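For reference, the chains in residue letters:
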Amino acid sequence: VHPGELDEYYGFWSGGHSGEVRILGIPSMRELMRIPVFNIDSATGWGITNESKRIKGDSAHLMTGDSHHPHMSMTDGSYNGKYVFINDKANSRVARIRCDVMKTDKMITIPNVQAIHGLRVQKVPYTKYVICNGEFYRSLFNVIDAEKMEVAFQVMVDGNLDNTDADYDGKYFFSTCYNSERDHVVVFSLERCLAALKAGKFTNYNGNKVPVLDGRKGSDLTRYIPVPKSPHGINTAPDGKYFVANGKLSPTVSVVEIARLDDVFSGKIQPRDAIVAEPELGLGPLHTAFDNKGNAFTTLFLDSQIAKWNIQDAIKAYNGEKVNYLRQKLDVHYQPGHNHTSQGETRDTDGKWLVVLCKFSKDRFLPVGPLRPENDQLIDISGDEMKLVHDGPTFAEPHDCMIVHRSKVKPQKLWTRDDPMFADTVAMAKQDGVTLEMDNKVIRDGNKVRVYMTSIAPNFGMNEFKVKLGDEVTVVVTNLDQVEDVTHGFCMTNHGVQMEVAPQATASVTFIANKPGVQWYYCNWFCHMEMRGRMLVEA
Amino acid sequence: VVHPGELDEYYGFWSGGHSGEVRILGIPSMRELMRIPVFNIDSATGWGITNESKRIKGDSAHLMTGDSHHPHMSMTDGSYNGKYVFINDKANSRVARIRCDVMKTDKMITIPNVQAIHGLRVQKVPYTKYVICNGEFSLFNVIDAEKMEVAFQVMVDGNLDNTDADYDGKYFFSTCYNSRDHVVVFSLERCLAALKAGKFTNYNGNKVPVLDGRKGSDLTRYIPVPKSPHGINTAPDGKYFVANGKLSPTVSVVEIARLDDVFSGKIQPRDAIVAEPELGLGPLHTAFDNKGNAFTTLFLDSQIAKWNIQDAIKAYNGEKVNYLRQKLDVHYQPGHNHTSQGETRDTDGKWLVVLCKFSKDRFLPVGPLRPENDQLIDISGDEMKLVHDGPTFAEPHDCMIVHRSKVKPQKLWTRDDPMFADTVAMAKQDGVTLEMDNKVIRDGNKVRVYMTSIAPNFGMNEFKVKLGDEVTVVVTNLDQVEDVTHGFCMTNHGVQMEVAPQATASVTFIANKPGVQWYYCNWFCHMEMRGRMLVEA
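Those protein sequence lines, which keep their order, are chains A and B. All the letters of the first sequence, read from the start, carry residue numbers 58 to 193, 211 to 254, 267 to 613, 617 to 628 under the authors' numbering. All the letters of the second sequence, read from the start, carry residue numbers 57 to 193, 213 to 254, 268 to 613, 617 to 628 under the authors' numbering.
Since the hints were derived computationally from the structure, they do not count as laboratory data. Where hints are given, some of them may not hold.
Covered stretches of chain A, going by a simulated chain B footprint (3 or more residues, C-beta under 8 Å) [what the hints assert, rightly or not]:
1) 119-133
2) 281-288
Derived CB-CB ranges, DEER-like [claimed, not checked]:
3) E407/B to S493/A: 42 to 50 Å
4) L369/B to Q517/A: 42 to 50 Å
5) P602/A to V528/B: 54 to 62 Å
6) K516/A to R503/B: 39 to 47 Å
In this text, a Cβ means the ideal position worked out from N, Cα and C, and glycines have one as well.
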């Protein structure tokens with residue numbers, strides 16, 4: 058990607074422990090934007106603005122989180138560009154990002170659980186539900219309503235749940251049990279789950295209304311396919327025909343044929359009969375991604391490699407044929423966890439790019455101290471041979487990523503005044519008699535002051551206001567510029583308050599006027618230089 | 057082109073801008089290798105939340121944000137020594153020191169008498185004894220690099236913008252954006281003289297020495313420069329500085345040798361100037377190669393102008409000569425630019441980096457918030473060539489490029505490190521030896537819990553607290569291999585922290601939440620590292 062040329066895909070990377078989501082240019086691998094979710098963001102005021110606190114809700118007091126599995130919504134198994142879903146492994150939260158504006162717009166705490174592993178989206182007919190694994211010793215599969223951001227129901231299971239995926243028919247979800267020689271993949275029949283809901287075969291644990299179903303062994307709702315051993319990843323192939331459970335402690339992967347699952351649910355066949363391959367690949371197989379020619383790419387954590395293999399040949403070998411299913415092994419640097427192909431989790435898998443997330447970079451970059459970056463490696467798989475083309479230092483241990491063709495995402499260039507994200511601020515303003523598109527007013531409410539001001543580069547609509555020492559001050563800034571990329575900032579000097587105000591947005595922030603005398607506020611973002622003003626704090 | 061297996065030639069220290077951090081970049085890759093938290097609350101490392109970082113932030117530990125402005129590395133003597141990086145928080149009147157051995161912020165001060173801080177540079181020669189910055193009361216601040224305390228302040232007329240230093244240790248310089269305006273020149277020798285002679289005032293409840301550098305004073309000389317000048321940049325031969333015209337289409341070149349005679353009264357302030365070349369609309373900032381050329385950002389024109397300094401001197405004295413060598417479009421609205429080792433005697437003329445404020449069409453769209461564009465230009469050959477377009481987050485104001493040989497960080501922490509010394513001292517008063525103990529100490533409604541970690545285990549499986557107890561967790565990573573960072577994460581309490589090999593970190597929270605509460609090693613250290624805090628009603 059020379060200068061002047063554009064990337065072909067957007068990458069949505071997990072921020073890991075940074076609590077953000079990152080947008081990347083694929084194949085350049087350059088970071089284009091950071092979207093704050095679970096962190097406190099100095100740049101935007103996310104965590105500190107009243108709008109962001111409202112979105113955070115009950116968890117607004119949390120300052121950190123571990124951004125885990127980012128997935129984008131689909132319509133019938135292709136990305137639709139609408140939302141990106143992400144979980145906080147550390148605090149039992151799932152967040153939704155709206156891709157028109159690239160900001161987090163909803164966040165929920167999942168009830169009845171102390172941790173959240175694994176998040177994926179329903180593929181087909183479209184993303185109605187988001188699924189993830191919870192724990193409290212025992213496990214709960216969670217089905218969340220994507221558009222409502224509410225928990226629909228949960229299914230209690232035998233075992234401890236790890237990763238999840240979904241099929242390409244809308245009938246089934248599945249998850250790996252990391253603990254119960268064999269472990270299992272639990273398969274969830276959605277039809278049967280929804281039936282059981284209408285019948286009223288459910289419980290609520292104390293202090294909530296989330297309906298909990300019984301999906302333990304011998305339930306109608308679930309079948310347990312045995313698989314070795316403490317498996318990790320579970321990955322659906324882009325033809326809808328198989329899924330792969332990744333051995334981890336065992337040097338294999340088990341391939342299951344989704345068409346057989348009905349027969350397992352009827353008792354027409356036994357759970358083991360779902361499995362149609364068990365190819366030995368190498369030590370520590372964690373995660374499998376797929377191309378468009380029926381090959382798979384599996385990360386070998388202990389071996390530090392990617393194994394390319396062919397799924398039809400593996401099925402043939404499990405039936406005693408002499409065919410080589412392993413195509414190639416490629417060293418990676420070092421300790422690969424997850425890997426993802428370009429549009430890989432969808433029907434549009436194009437077989438161009440494989441990304442590998444390696445946990446230890448070692449000698450691969452300049453030394454920068456005891457805290458070291460991870461390595462994200464870009465692999466050209468478009469040809470017969472896999473080829474390592476780029477090493478991407480990466481911060482705070484991203485767990486997972488997602489790659490979408492640019493044609494499927496179309497962000498806004500400006501906010502719109504009716505956006506739900508600052509609707510409640512607009513509501514508050516209306517209560518005070520204030521029209522945000524034209525007014526610069528100060529409202530006095532007891533020991534509170536709300537200060538409504540507009541900004542048009544190169545100045546604020548209010549030169550100054552006067553408050554008392556001690557007063558709780560709320561500042562509502564509306565950026566009335568109508569030109570793309572003309573972000574304004576509001577910074578109240580020496581109070582540790584700053585926030586971006588994008589074109590057409592309103593933002594607000596609340597602080598105590600603790601310091602007496604003339605305080606300066608200004609436009610911190612390049613919006617000029619006059620954008621300046623004074624808060625006179627009186628003794 | 058840095059291929060897989062090849063390493064970058066230089067480290068870049070990039071301003072975090074409004075992110076409040078410093079970024080470490082590989083040059084010429086332009087890959088972000090690390091983020092050093094400074095003025096921000098960092099979720100990944102716990103910086104801003106841990107007791108160690110709160111101690112370093114001091115009187116500003118309540119602030120949750122800032123705008124990290126000018127990163128500059130220490131020198132000996134006109135050459136980077138890799139020891140420290142200094143950086144200011146424009147928004148909150150703070151300066152911070154990063155130790156490059158550990159790549160962490162080790163000191164932070166709030167500067168007195170000042171309501172905001174703009175420029176920051178390091179003394180070059182004989183070594184980085186002082187760090188200099190500009191404050192609005213305006214005040215010139217001289218900070219003791221090593222001690223991180225303000226040595227003295229100098230009151231001037233007009234409003235200070237950017238600053239630089241000479242290559243002899245005699246003179247500091249600053250632009251005034253408000254009162268032709270001026271560049272104030274400060275004589276260090278005469279400033280130190282006046283300190284010793286007691287010719288200084290104090291303010292308020294600080295005892296910071298404040299000297300008079302207003303017009304007419306012995307300490308300062310005001311050189312007139314058009315118009316609301318921005319950048320002030322010292323050429324790498326030490327002979328000139330350039331003040332950047334901004335509103336005026338020019339740069340002014342002052343000859344540093346002439347400044348003694350300006351201070352003596354032998355020549356006039358205006359006689360300092362030896363070239364005023366016209367370059368283009370909006371000249372903001374200049375960088376230098378190692379062949380006599382300068383590279384100036386033209387903001388309104390959106391270009392870089394390469395010109396020659398000696399030819400501009402010749403043209404100023406009537407000669408019929410062409411000083412302007414090339415103009416280059418950049419994309420778009422160039423603010424600052426820096427050359428590889430450019431602000432030192434080691435300037436190598438390999439690479440120019442340009443910070444442009446508007447991406448517009450250069451990257452995939454990503455919403456109403458757009459990245460800025462950091463453009464890498466190859467300046468080795470005759471003409472300048474654009475080789476790379478670097479999206480950057482949150483408006484980086486400034487950067488510096490240092491050769492990798494001059495930086496040499498630690499692989500591990502050491503137990504005596506002053507960054508956890510007071511924790512170590514607190515553990516000692518509790519009778520605790522951090523390299524071996526897993527203990528719980530009870531004190532009123534305080535609880536101190538000391539634990540060790542060796543992958544894949546915490547030394548303490550579980551402990552018991554009452555509801556509402558104030559709990560400090562001190563974790564010591566005892567692995568001895570590089571790159572085996574651990575984390576401590578107490579689930580559902582919004583507490584996480586990195587614990588690098590041999591380091592100690594502590595975090596204090598209230599146990600608000602009854603019942604079993606899991607903590608674990610969030611960072612890949617795995618997978619057993621788990622443990623239970625039992626909170627009892």
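Evaluated hints:
| no. | hint | verdict |
| --- | --- | --- |
| 1 | 119-133 | holds (count 5) |
| 2 | 281-288 | violated (count 0) |
| 3 | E407/B to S493/A: 42 to 50 Å | violated (58 Å) |
| 4 | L369/B to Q517/A: 42 to 50 Å | holds (48 Å) |
| 5 | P602/A to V528/B: 54 to 62 Å | violated (44 Å) |
| 6 | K516/A to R503/B: 39 to 47 Å | violated (60 Å) |
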